[PDB]
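Only one chain is given next, in structure tokens, and it is the form deposited in one PDB entry.
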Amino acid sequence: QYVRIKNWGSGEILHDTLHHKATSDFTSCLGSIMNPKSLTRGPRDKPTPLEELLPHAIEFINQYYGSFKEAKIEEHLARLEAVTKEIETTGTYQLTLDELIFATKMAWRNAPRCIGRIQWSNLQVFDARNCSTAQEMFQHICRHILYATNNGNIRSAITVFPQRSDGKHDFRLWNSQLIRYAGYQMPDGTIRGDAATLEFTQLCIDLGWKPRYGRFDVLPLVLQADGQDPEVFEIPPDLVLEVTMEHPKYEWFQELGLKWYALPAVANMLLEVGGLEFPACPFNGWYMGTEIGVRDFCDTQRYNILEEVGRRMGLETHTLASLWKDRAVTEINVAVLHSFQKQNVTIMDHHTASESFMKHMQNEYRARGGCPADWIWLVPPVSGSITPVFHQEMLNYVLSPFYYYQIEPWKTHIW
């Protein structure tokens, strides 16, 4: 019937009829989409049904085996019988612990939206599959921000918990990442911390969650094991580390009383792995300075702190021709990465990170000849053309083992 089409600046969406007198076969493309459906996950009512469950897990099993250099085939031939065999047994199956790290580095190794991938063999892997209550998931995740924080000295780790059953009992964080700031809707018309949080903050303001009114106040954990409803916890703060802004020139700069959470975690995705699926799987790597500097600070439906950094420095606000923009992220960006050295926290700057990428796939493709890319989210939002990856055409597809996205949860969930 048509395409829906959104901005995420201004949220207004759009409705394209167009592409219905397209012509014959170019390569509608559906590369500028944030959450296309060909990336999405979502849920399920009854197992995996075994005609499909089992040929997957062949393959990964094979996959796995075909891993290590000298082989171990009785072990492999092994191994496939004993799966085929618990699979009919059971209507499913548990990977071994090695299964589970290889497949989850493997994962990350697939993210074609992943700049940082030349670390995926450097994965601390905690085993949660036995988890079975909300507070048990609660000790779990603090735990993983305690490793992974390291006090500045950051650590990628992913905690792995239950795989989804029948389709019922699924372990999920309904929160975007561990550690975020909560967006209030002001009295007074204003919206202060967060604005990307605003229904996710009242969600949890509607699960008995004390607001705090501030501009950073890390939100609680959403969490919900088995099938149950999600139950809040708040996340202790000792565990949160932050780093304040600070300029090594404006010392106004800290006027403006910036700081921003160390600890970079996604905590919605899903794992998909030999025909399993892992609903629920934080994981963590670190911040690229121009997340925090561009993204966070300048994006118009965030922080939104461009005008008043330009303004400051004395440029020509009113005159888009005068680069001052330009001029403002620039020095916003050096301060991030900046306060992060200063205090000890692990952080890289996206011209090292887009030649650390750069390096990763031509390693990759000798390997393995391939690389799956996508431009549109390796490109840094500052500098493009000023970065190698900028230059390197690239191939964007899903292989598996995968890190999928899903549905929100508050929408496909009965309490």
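Superpose the two forms; the largest set of C-alphas matching within 1.5 Å is the rigid core. Positions refer to the first chain, counted from 1. Compared with the form deposited in another entry:
- In this overlay on the rigid core, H19 has a C-alpha that sits 2 Å or more away from its partner position between the two forms.
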Given for the second form:
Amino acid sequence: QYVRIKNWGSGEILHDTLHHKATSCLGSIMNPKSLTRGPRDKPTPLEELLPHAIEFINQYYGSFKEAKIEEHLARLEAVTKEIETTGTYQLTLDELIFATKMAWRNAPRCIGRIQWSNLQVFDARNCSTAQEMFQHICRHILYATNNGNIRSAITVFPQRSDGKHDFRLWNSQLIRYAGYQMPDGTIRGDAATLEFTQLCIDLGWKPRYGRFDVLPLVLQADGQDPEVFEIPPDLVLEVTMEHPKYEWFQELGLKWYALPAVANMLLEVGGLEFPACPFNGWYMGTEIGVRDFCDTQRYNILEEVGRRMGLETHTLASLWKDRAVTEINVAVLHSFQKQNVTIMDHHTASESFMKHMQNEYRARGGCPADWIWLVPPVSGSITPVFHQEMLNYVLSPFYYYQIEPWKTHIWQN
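Now that the form deposited in one PDB entry has been shown, please provide the structure of the form deposited in another entry.
Only a single chain is listed, so you will not see partners or other molecules.
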């Protein structure tokens, strides 16, 4: 009938009934095929599209206090008719809005989901060129940033039609720092963007060889070739790292962008696929303080902050790492707060997520959750999420990963 879910912290039990609406032991795999919706060079077969489309129209019209049956039946008919005559179909703006929030709502890996209903939708389905994409993206960045008072938003570009005319942002995130393979063996900047940085150069981009060089938007429109565009510096808002007690922190010359905007995911809804639909929320402290600054495959500033703290950076047992990373986290939080830039610490985030789950189970009996992703990279068992058993499952609408565009792209020049 259902599935019991226990919360070892409060002892509370829950019954998951929502997992029955899923699709189809790979433990900690980052990019599992089950979470990816790749390319296709032929339209969505009508026998597949029509059913998925109806289900979505039923979901949409099925959600409202005062349900209007007429409009529902009518939409069902007009949609089927549209599919018959055109092949694919066009969602109403209202439906799209609903789609994007639901897809987010159904994001197993997102901790910010309590905010799900609070999203801004930019309808760029009329878009047709790279330069027009670049303008919509700029519009996005400017609206989302709001001078530090960050706002969650998403820009939806034209849906995949036949598959050969795909709209795709080649970037992983909208704002992202560059990383270069320095002469003296060392890596400079964000070592994670090394491979993509090279690509930008190959497409003719002037590399400013620095630690915090904002990378260029690499836009692909209507299947065409990717065109490079430098993001207007005035648009990219950054925070300078500063510790509230360690005056030597600023001397580290650190900073990070305030806009966490996922750029390369595909939105699937009612059988339709939107290969380009960048979105953003606001940062959660640990993202910058722990992953960005502390991963060895990133800025790796941990040993650096260690010695300047006086810690025994040569004795693991001294727990100097637990000491440094915490102070780094404090810097991030302090710096965003001082410069009036939205941000939420992980504890607070975890609590709101728990409240979210409770709301989700009451409202629909379930909440697709990925424990491996929801538990913060620090203070694991200190956050309530660690103690909550949770079910992971792909629903619909949903945000899928895509095959890195530079692999499956037939060049023209």
